[PDB]
Each structure stands twice: as C-alpha cells, then as structure tokens.
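Number of protein chains: 4
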Amino acid sequence: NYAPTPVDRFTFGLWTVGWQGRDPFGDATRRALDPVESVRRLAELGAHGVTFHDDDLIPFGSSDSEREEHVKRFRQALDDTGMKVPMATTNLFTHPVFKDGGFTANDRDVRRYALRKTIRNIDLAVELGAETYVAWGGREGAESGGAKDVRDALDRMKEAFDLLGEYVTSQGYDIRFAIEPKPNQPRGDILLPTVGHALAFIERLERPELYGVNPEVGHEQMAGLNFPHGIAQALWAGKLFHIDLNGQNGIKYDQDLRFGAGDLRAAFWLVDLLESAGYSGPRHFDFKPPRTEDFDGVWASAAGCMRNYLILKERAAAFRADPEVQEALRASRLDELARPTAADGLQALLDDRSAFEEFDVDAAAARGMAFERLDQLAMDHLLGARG
Amino acid sequence: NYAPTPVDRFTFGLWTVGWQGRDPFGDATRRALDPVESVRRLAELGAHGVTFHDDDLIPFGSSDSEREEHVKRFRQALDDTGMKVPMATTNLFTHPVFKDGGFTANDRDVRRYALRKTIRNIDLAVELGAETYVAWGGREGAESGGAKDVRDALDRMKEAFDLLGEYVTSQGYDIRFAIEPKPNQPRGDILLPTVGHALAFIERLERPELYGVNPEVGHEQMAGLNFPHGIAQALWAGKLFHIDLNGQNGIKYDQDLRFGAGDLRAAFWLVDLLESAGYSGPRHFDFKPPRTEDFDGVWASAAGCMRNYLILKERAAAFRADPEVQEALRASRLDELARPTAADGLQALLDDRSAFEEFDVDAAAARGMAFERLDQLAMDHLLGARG
Amino acid sequence: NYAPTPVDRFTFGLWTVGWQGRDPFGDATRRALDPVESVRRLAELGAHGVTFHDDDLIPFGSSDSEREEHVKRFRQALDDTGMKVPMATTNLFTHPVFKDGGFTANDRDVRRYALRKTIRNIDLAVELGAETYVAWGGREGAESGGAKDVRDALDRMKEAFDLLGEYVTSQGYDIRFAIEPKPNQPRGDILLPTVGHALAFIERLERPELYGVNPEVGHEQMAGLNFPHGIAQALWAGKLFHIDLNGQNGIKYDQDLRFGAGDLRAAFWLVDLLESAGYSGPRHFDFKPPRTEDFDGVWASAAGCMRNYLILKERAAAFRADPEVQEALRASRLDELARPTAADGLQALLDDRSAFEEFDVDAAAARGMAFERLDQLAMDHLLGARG
Amino acid sequence: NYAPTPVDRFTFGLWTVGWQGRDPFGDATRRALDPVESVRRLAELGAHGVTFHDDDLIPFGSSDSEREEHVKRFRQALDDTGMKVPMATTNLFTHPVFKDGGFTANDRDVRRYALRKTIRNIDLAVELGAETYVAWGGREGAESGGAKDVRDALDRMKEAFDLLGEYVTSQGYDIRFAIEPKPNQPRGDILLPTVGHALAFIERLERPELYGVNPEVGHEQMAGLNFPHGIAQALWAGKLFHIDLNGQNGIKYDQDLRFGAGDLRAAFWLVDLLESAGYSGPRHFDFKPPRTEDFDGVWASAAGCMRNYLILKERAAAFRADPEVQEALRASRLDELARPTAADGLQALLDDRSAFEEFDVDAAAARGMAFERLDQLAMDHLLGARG
Ligand SMILES: [Mg+2]
Ligand SMILES: [Mg+2]
Ligand SMILES: [Mg+2]
Ligand SMILES: [Mg+2]
Ligand SMILES: [Mn+2]
Ligand SMILES: [Mn+2]
Ligand SMILES: [Mn+2]
Ligand SMILES: [Mn+2]
Ligand SMILES: [Mn+2]
Ligand SMILES: [Mn+2]
Ligand SMILES: [Mn+2]
Ligand SMILES: [Mn+2]
Ligand code: NA
Ligand code: NA
Ligand code: NA
Ligand code: NA
Ligand code: NA
Ligand code: NA
Ligand code: NA
Ligand code: NA
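Residue numbers (the working numbering), protein chains in the order written: chain A, 1 to 387; chain B, 1 to 387; chain C, 1 to 387; chain D, 1 to 387.
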C-alpha cells in the first residue's frame, strides 16, 4: 500500500540519505556514501530524482579531470535508473572561508568568490537538467549586533542575486532561483529568516520574476510559525518554486526529521494545501536519518518520508471529497470567505446601511463558527476513524 | 538626568497607561482612566503625544451627541497640554462580532462592517491631525486548519486595504497606513505573522506607496526573531512608517513590558539603528504597566519607557563616536560590507582570476573577524564600564 | 464508534465548557452556564464526572444561605446523572487581591487569607467525594527580578502546603494534593514551572506522601518539553495523582485546545504510556472550546476530547499488540533497556574485562538502532495505515 | 578596571577556548590547542582554574604511557601557573558508541562501558584535586517515542549514579557529583531536561547527599525558563554544587555565547543572587568563542566572560547597598515575603477572623506593589544611570 512511483515527483538531496551523522557534539556514525549508490537505492524505493550541492557531487578543490569523472559516474547512475535532477544548489556554508557568509560576508573578496562558485555550479545544474537553483544563505547573519549592518548586508544580498539574474539571462538559461529562509542556526540570527522576509526581499530585485522561495517545514517551525499558512502566502504570491519537506518538534535546533514526523497535523494540512492548489513542483525531502541508524535505517527513513506523504494525500483527499465535510465547510462559511467583500465598490459600500447603521452586530456575534465540528471531521479523516 | 521633552517624540496609546489589568485569568485591578487624565499625566512626564483606537476614545455604540462630547473633551486636553495625536487605529478585535476577524472574517457581512468602522475612524484620525493609521489584525487567523483558507483570506485582506487606499485617495487625505504584524495571540496563528510577511503583502496592494509596517518589539520576539534585524529590513524597504516600543521575554504570550525591560541588548541595538538611520517618526510605546501596580506605578512605568530610550540613545551614540569602536569596526570590515561586491560588473567579475583561480581560500579563512572585541566594546558602552 | 462511557473516567472542569470566551483582547462570546446544565450535558456525552474551583460553584462573596443553595442544586444534578466529583481546587488567581500570589504573595495578610479560602474549599471537596485537591499557583511568580525573592517564596510555598497537610491529617481526611506546574502566564515567570520543579519541591515537604503532581499537556509544552517524558518521570516517582489533558501548539500562550489537537503524536505517546502503566486516575480535560463557537460547538469540542482519547487508545493498544512491533522493539533493544546494567554489583563490573579492555567499541558503534522502522510502524498504527 | 584575579574563582573548560569551531554545517575554523597553552593563556587573563572531560586531556584510545605523558605535561602547566582543577567530567557523547546514550543506552554492554570510562576518570579527577565531578548526559533521550522507555531509562540512570556513589564511598573520596540538565540537543529530547527534573531525580538516589546540580545558563533558557529562579530553587534545596555560565538568545540551539551576552538582565539577576547567597563554588564558563574568531578573539571572548561577571557584581552590590533601593524593597513588601505566614500555627490561623471574615479583600487589592519603580532602580543601577 502507499507505494511511491516516480510519477509522485519525490526527490531527495544527496546530503540527506548521505548525512554521515556528525552533529555539534558527536562524530560521524556512518561512512560516506557514493552518490551513485544513493541514486540507485533511492530509485529502488520509488523516488523520482535527487538534488545536490556542488560539493556533494564534486569534492571541494577537485581538478578539472576529477570533476569530469565525478559527473560522468553520476550521470551514468541517473541514466541507469531514470532518476532526474530537478534542483541544485551551492554549498556556501561548510568551508571556513564562508564563516561570516558568502554573498554578505563582510570581506569583499569572499563575496566575489561566493558568486564565482555559485555561477560555476549554475552551469552544471543546467547541464544536468535542473529547473530550480536553490540558495540557503545559512552563514548570512550574525551572533552580535555590531558585526553585521543589516541594511548594508541586504544591499550586498540584492547585488549578488541581481548579478546571478543577469548571468542566467545572458546565457539564455530557463532556470529560476528559490531562496530558502531559516531563522537561525548556524548563525545566531540568519538574514531573511522566514518565508515572509524572503518574499519581501524578492520584490526589490531587478528581475523579480526569476526568484521564488524554497520554504522548509522545519525552518518556519523554528520560529514557531504555521508552515501551511506560509506556503499559502507563497502560493498567493506565485512564488512557491520548490519546497523542502521534513519534520521538526517546535522551537529547537534544525532536526530534519523524516516527513510526517514532528508536527503531524501540520503535515496533513500542508499536503491538503499542496494537492488542492495543484502544486506541480518536486516533493523534495531535506531530512536526516538520525545518527542512531545504520544504512538499513537510512533507507527505511527515506521510504517513510514518501509513505507519510502518500497516506496524508489519501486522507486529505477523502476529507475534501466527503459530502459531510463539504456541508461543514458551508456551515463555517468557508464559501463566503472566497467571495469578494465589496465587488459593488467603495461608494456602494459607503452607501449601504446594512454594513453600518442597520448591521445587527449582536445577532452576527451570536452565530457560532462550527469550527470545532469541522476540525473533528478533519481529525477523524486523518486517523481513518470516521464513524 | 535623561529627562524627556516633547522634542523626543515619545507617544503612548490611551490603552497602555489606561489598561485596567484584566488578563486571561484575572479581573481588572485598576479603575478606568478618563482619556483627559491620561493626556495631562503623560504631558507632565514629558510625552509628545497619544494615540487611540476608536473605542478607547468613544465608547462602542455611542450616539452622535456622545461622540461629539467625548472628542471635544479630548481635544481640550490636547490643547491644554500641547500633546499631539500622530497615529490612530481601529479596534477590530474586542467586540464578539470580530471573533473570526474583521477584514478576513468568514462572514461577509462582518467584513463589510469592519471596513465601515475603520473608515469612520480614518475621518476622525485626520481631523485630529494623525499622519499614520495603524491596523493590527489580531483576530485575522485561525485555531484549526479547515477554518480559514489563507489564500482566500489574503484576497479579502488585500481587497480591504485596497478599498481603504481608494477611500483616502478619493478624500485627498495625506494619511498613510501601517500594518502591525503579530505571530499569534489571540488567534492560534495570525495572518501576516512577522514584519517580513507584512512587507511582502504590501507589495501586492494596488497603491503600495500608501502602506508601511508598524512593527512591535515584543511581537517579533514572540517568533524568536531579531527585532533590530527586522527593523533594518523595513528601513531598507522604505516602509518603517511607525514603530511600537516595549519589552518581551522571548517566546511567550504578549507581555507588553515597559521599553528597556525584556531583551535589554536588543533594545540597545534597536535604538542604535533608529538613531543612526535618522528615523523621524514617533517613538510610540505599546506597553502595559503590570496589573500589580496602582496608578503611581502606571506613571513610573511610563516614565521608565522614555528614560530607558534616552539612556540607550546616549550609550549607542557614545559607542558610535568612540575612536576605539571606529577602529574595531574597520578591524571587523564593516566598512567593506558597505562597498559594492562588483561595481565593475558581471563580465569583469567573471574574468577576474582573483575571484576564483587565484583566490587563496585558506588565507582568507585564517583571518579572524574580531567580532568578540567589537561586541565587548559595545557591552562596555551599554553598561558605562569603559576602562 | 469510540463512544465514551462513565467507565472511561472522563472528567471536565466546570470552567472548561463553561468558559465564556473572554481573552486578553476580547469580551465574552457566550453566556455563563449554570453548573447544573454543564453536569447534565456532559453526562449526556458520556463523561464520568466534573471538577470545580470554589468560585465556579459558589459565586465569590456568597452568603452562607447562597452557598448552601448553590451546592444543593449541584448535588441534585450529580444525583440525577450519576456524575462524580473526583477533584476540586481553589481559585487563587482571578480576584485582584491575588495579583502577586496567594501562598507566596509578598503581603502576609493575603497569604493567610489564601490559606483560609483553600481550607474552606477542602472541606467542601471532601463532602462531595473528591479524592484529589489540585493547586495551580498561577499568580505565584514575577514580572521583574527584584519583586520576588524565590528562596523566600519557596519557604512560604512550603509553609502553606505543610499547613494544608497538617489540616487534612488533623481532620482524618483521605484527600491528597496535586500541584499543577505552569512555566509562565499570567505571571511573567511562575514558580514551580515544570513537572520536575514540582516533584523536587514535594520531596522537601514535611509529609511528602500527601502530595503529587497534576501535569497539564499544554503547560509542559509552553516550555517546549516532552509531555510523555515528564509523565514518565512522575509515574517513576509514584506522583501522578491526576492529569489535565488538552492540546497546545508549542511555545505560545496557554491555548487549552481540545485533547488530540495541538501535538497529535505526543497525544498518542501519552495515551500509550497512561494505558501501559495502568494509570487509574481520572482522564480530566482542562480545555477551552474556542470563543468562535456557540454552545453546539462547546459540546462538539468536549465530545472530541473523549473521542480522540479513545481513538488513540485503540491505536496504541494495536501498536503494542502487533507481533511485528514486538519484534521491532526487540530489534531496537527495548528489552535490554529494562534489564539492570550491573545486577552483578560494582566489584564484578570493575573486574569485568568485557566492560572495558575487551569491549569492542567500534563493533558496538556499528550496530544500528532500527529506531526509524520502529517509529514508522508507530506512525502506521496511529494512522490506521498498516500495509 | 574589572580585572579578574584568581581570588575570583573563574574557571574554564578546556573544550571552551579549545573549541575548534565545527558546527552542524561547517568545518573547524581554528587549529586544536594544546591544553598547556590554554592553561598558560587563561592564567595570563586572571583565571583561577580549568576543567576537562577525560578526552579533552587524553586522546581517546591512548596507551597507558601516552596517558601518563599527557597528564604530566598538564600538571607541569598547572604548577607553572598556580591554576587549579576544581571539576572534571566524562565525555559520554562524542564517540559513535554513545549514539543512544551512555548510562541509558538501550544496549547493556554500552551502559557498562560508560560506567567504566567514568570511574577511570573519577580516579584521575581526584588525583588532580577536583571537588566536583559533573555529568551532562547529552545522549540520554530520544528522537521518537518508541525508542526509549523513560521509566526504564530512569531506572538505569539511577542504577548508574548509585554505582558511582558506591564507588566513591568505597574509595573514601570526598568528591561529589553534579548533574547538568539540558532540554534537547543533540537528542530530540534529553532525559532530566531542567534543573527541576534533575533535583527531583537526585532525591531518589540511594545516597542523595553525594549529588547536586550543575545548571547552565543557556540550557534552562533553551526551555524559555528563568535561570535565576532555577538557581534559587537549587540553592533552596542545598544542591548548587557547581554552575556553568554563558549566554543564550532564547529558544534556539545551544549557543554558548560568552557570559553577559544573550539575556543581559538575567545575567545581572543571576550574579545578584549568587553573591547575595554567598555561593562559594567556581564561577565556571562553559562557552564557545564564535567560529568567526581567530585566537586573539578566543582570548578576548574569555576575558569578556570574567569582565562581565565583575561589572554585574559591582552593579548588583550597588543596587543592594543603595538606601533608596532598600526603601523600595520595603515599599514592595520583600521584607514581609521573608516572614512566616503562620508561625502562630494552624489552629491560630483557623481561629483568626483577620484572615477570613474580617479580611478586607478590596482594601488589600487596592494596594499597589510598586514593582515598576523597584525595577527601574534596578535598571538604573545596571546601566550606571542613577540620577
Ligand atoms: Mg477556492
Ligand atoms: Mg553606511
Ligand atoms: Mg517493563
Ligand atoms: Mg533574607
Ligand atoms: Mn533544515
Ligand atoms: Mn532545506
Ligand atoms: Mn503587544
Ligand atoms: Mn502594538
Ligand atoms: Mn492551561
Ligand atoms: Mn489545568
Ligand atoms: Mn551549552
Ligand atoms: Mn555545560
Ligand atoms: Na550598502
Ligand atoms: Na506558486
Ligand atoms: Na478568494
Ligand atoms: Na522607512
Ligand atoms: Na524565608
Ligand atoms: Na503515580
Ligand atoms: Na527497568
Ligand atoms: Na547549594
């Protein structure tokens, strides 16, 4: 049951199942995986594709002949399996040179190098067929107030993304960018900490149509926010270019639990929203099998990401299709929420005594919203307990 | 020492010093204050002005003769004291009719009434001289996932603010709007939960130049965010039309402590940023004297809001003026952060071997940022401990 | 399906379904309920019993004849329905006299009054058959550091609970006390903020056997803690005398959502633990139907508390009974965790080369824990998706 | 000014200034330090002593001759500088064998090895003069509910600490243990997550007098708790055997900022409490110079830990010594809080009409607490702004 197919567009970062288990307090618990073995194992589970940072595919500092051989082996694995590469990204956070940032490092020489490292990998991404190029600026930010002038850093962050936009336009590439917010970790505070801040920043870029967001479930939950609500705002803005799926238990260090773990009802409402809205992009998992696990547990945890998406898809579809839920949605006036407040226009609203002098505020206030019965129908559908 | 003057543009909501102390668990501990007495007492402390919700000034449901008399008494108090009214707002949260929202209530009749209540008070705000009209949509949101379709709610929230924009344009008013984000409370999740989400939403309004943000210190801290960073993004966007100053101890219910309480170093870095950026708007306090206090404690807590701003202003100015701090800012390359990454342009950056093949990443990585000595100079200046 | 019976020992506070909907920002949305109507409606849903604060049953300041009549009507309702009253408590938080606390108010006269108000209601609790007397010290704490010397407050808090212990011993009552922790709200920080702090405090009382804890799901989650883990420590200590069940979405104001809402997998693991441990006390709901609801939504939300407990009970029992889960528990060495580390004793452990010189740390480190497959079996059982 | 002396008992872990900067996302930014160089540099700053995990001093897997030489060099450095070693601890978290715990690993063989590794280092600690042996069980806990039966884990955790108690009694050692709580990280939830849970657990050990707590500022703040309040409960219980000082910005990953950073007013109230209570133990820093820093920034950050303690000590002493603050403490009835509620005894309290029938609750409720003026005197003293 719930068996994924490439049809389902489930994708995984090489760094997810390949995470060796090093954490702030502990050494690696698993050996490194060859990307070829991750591609073949993920295909065997029913994944559609993988994604990569440059330095997951090509060891940092590789010669041009080494780079060619790493890419060649990876492409043979993709060809052998039918796996795709819909997204790629740059590692601008692991090497010590990026300790104060890539695009917003205080040192100008580092900002220029970060751009050249990104541009080299955009070319590779396009060669592998990627539609989206993610940027998670995990080193952009500060531990102390004097270290980082945030208006100057936003100027540098806009300059960088504008230059990347100029680059892909000049090359005629169709790729687009997706900025991934995170509120903190590894910096004490990270710039563009939420979906909202990233959406607002994009509006000030010179070619705003080339940029969207890549929200991650656990990152918005590290600020205690409602992830389905933030995805709804991204969809409303036409900017949900990609998404990272995982689980998180509230306001903690980024746990990257498998999808469906962490906040299970937020996972249900997220899948309901993605499917209702017809989101067509990859269902990408940015997760880490816990370092307690051996490789059988790695593949079990990856299989669980896809299984939980598919169970939640079934239950959310059954909820929306149930004539009792449709009745309850009408009882709670979800249909009215979708109607214009005043398609009659401002002067008609001003002249309408039923909106002011003749509005019976106490009779309106007496109407219950019936939200609790609606939510218990939703709980019963999620748990398969209708009856 | 630190004695406020109206010059300092310190303002207070009528609902702040007038808060009677009712909380989720407890009855009022203070009697209601007449707005005239709050205006006279605040002037005696050195405040510049007050602000109001409609229903703080005019009891809900007042007749037109009652409304005139309440306004007349209030204007006499303003005239008697020289106090100004730079900002006003609508109460779209206390009356039970607004339990599922004003502008985004599921019931259309409530959304139309919320607009008419707002428009009536915009006219009053303009008559009293206000430059800014705030909107804190504290009832816009949900406790459960099925209750509120957030894309439909954002459509209604845009329709409402567009109609308000049309209204003030049609009347030739110069007032502008400031949206106040909050992440939760009293709804389980509130729409536009952070400065970023509000800035992004404003970009999609039909007349975006008429709207900015009114960020509140404690609200961004209820999501664990860095308030000075969010104010920097609002300033970068040209949208800091007003601000609410108070204190908060992290991720809790909205405490509205006096300014300087809560996160004291974030208060220091906020004042440093406002003064360095030349913010010219009111320094408005949205705070609550704790319900443990009698009226002498109310006025002590209000005086403390202004005193702590002025102490922090002195210390931040001394920090920025100290030639040792200016040296440390250069040692940490804050001057380079303010320089363009690539004013030579994209082709020059691509052709520059010093940005890639000849960049010595290990020598760059070895350079310390000297951020800790800079931050200890900042701590010494805040505490008046230089030496 | 899932239909509660009094057999299930589900109980509700009068203040839960009776909450009129006043919140920090809004007036009441429902009229007050007569306790007699709440008793009859809850019985109709299949509840076992109710609980009360003194001032939920007897309006504050009632004459002795008024008190008798309120109690008489309530007892007739209990007799008419078979409902029980297993728990009662004191309101030491709503009246303004308790603004700095009851037992730990700085004013000694208030501390003495708080004790006399408690003792009067202990007598009533015993007359109504209650086995447990809860104390939630929601006003014990502070908004500022100088206001409350916490060592002196703990001395006063111990003196108070010791005097209550002396009182019930002297009267030959069998009732016991259950202290309810909460980390904050309505005070900026509350004393005894978690289950751990309350358990530790109890150990220093003069008659420690008379006191346990009354943990509440949402309160421990307001500190981001694992509620099932805290209940496990309370059970380990023999101190889980009562429990408050509800839902909460992380680090926020106390939301008191219906049980099963909020963190659904924590609700599953809580029910698994209570049932496995054979907890025999009431399954008490301390929740609030959201103020969006009319009275039909109040009773729907109360019915949902019991329904979600029963669904989770079924799924947790099926998980524990499944021979595949029992196999996975052995694969993850849960059986070894329950065995003594060194029943052979310290000298045997010191002399055992297999514990040190001959322990193969790399072979041990290579063993995976298989926790992810175990957790996905748990997810499949919760969602009714086995297959 | 504020120059530390060994008199001040400031101590540092070898792992603090020696932290090489590896974090969940980034490689080391500094080379490893020889413990001899850390001892000499810390002495040059005015530190009193250092502390160590076994594997900070002796590389894991060292031969007995290697172990002797590492210890010999370290002792020469201590002798050359007058530095002391008041505390030591075991690393039961870095090596992969401890991925599910040391004392509460599900695998029994790992639990026995963890005890033997601890006992070997207790002997070394005693040889170096340590008075306290800390245990931070950072791997004790779980990411999923089925993985760890917490009652069984607490049985194993008690068995382990009982065996350690038996060991030091049998050897006639005077050392005592201090358990360090942390709520999460690196496990999804850690057992004994707060000071309260650790204090409660200690009460159930067979020799409770041998164990106290080692609270860390940032760990309690990762649960949003008030660290000075938790230290007050530990002092009240007679269990503050050691303390870890650092800074933290709220509910995040463990940041280990230098002391005084993070929540500055909580640092003030902590120092006020330690000094007022006469705490006589080490003022130990468990902190990390940010990985942005080179070694000059490491020593600047360590110097700042001690400087901020000494500035806060001066300001807290001035606050307590100020006759205006003493007056305000009396105005807020802190003197009454320290008096018994009912030294006249229970029967006298029951018979006292001034505690019930004749208590004027409205006159009591009208009395303000004057806490805001007291707190602004505290703010003025912290900032050196009196006047
Ligand atoms: Mg629609
Ligand atoms: Mg500049
Ligand atoms: Mg057992
Ligand atoms: Mg004393
Ligand atoms: Mn993540
Ligand atoms: Mn991601
Ligand atoms: Mn607020
Ligand atoms: Mn505000
Ligand atoms: Mn509660
Ligand atoms: Mn409760
Ligand atoms: Mn730490
Ligand atoms: Mn520590
Ligand atoms: Na700039
Ligand atoms: Na979209
Ligand atoms: Na719509
Ligand atoms: Na601006
Ligand atoms: Na005392
Ligand atoms: Na128990
Ligand atoms: Na056991
Ligand atoms: Na102590």
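Rather than coming from a laboratory, the hints here were simulated on the basis of the structure. A few of these clues could be false.
It does not matter which identical chain is used: a pair holds within one copy or between any two.
To be verified - Simulated crosslink set (SDA-like; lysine to any residue; CA at most 25 Å straight-line):
| hint | residue 1 | residue 2 |
| --- | --- | --- |
| 1 | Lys158 | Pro6 |
| 2 | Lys158 | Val36 |
| 3 | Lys158 | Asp344 |
| 4 | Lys158 | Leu350 |
| 5 | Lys313 | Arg67 |
| 6 | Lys158 | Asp322 |
Problem set entry | Copy assignment of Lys158 with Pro6, given that the CA separation must stay at most 25 Å | Neither: 36 Å inside a copy, 39 Å across copies.
For this session: Measure nothing new, just compare the shortest in-copy and cross-copy C-alpha distances for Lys158 and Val36 to 25 Å and report within, between, both or neither.
Result: This pair counts as neither: shortest intra-copy Cα distance 36 Å, inter-copy 47 Å.
For this session: First find the shortest C-alpha distance between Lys313 and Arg67 inside one copy, then the shortest across copies, and answer within, between, both or neither for a cut-off of 25 Å.
Result: neither (40 Å within a copy, 55 Å between copies)
For this session: Measure nothing new, just compare the shortest in-copy and cross-copy C-alpha distances for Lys158 and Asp322 to 25 Å and report within, between, both or neither.
Result: Intra 47 Å, inter 31 Å, cutoff 25 Å: neither.
For this session: First find the shortest C-alpha distance between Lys158 and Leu350 inside one copy, then the shortest across copies, and answer within, between, both or neither for a cut-off of 25 Å.
Result: For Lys158 and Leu350, only the inter-copy Cα distance (18 Å) is at most 25 Å; the intra-copy one is 43 Å.
Exercise. Can you tell me if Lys158 and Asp344 fall within 25 Å by alpha carbon in one copy, between copies, both or neither?
Worked result: between (41 Å within a copy, 16 Å between copies)
Violated hints, in rising order: 1, 2, 5, 6; the structure is consistent with all others.
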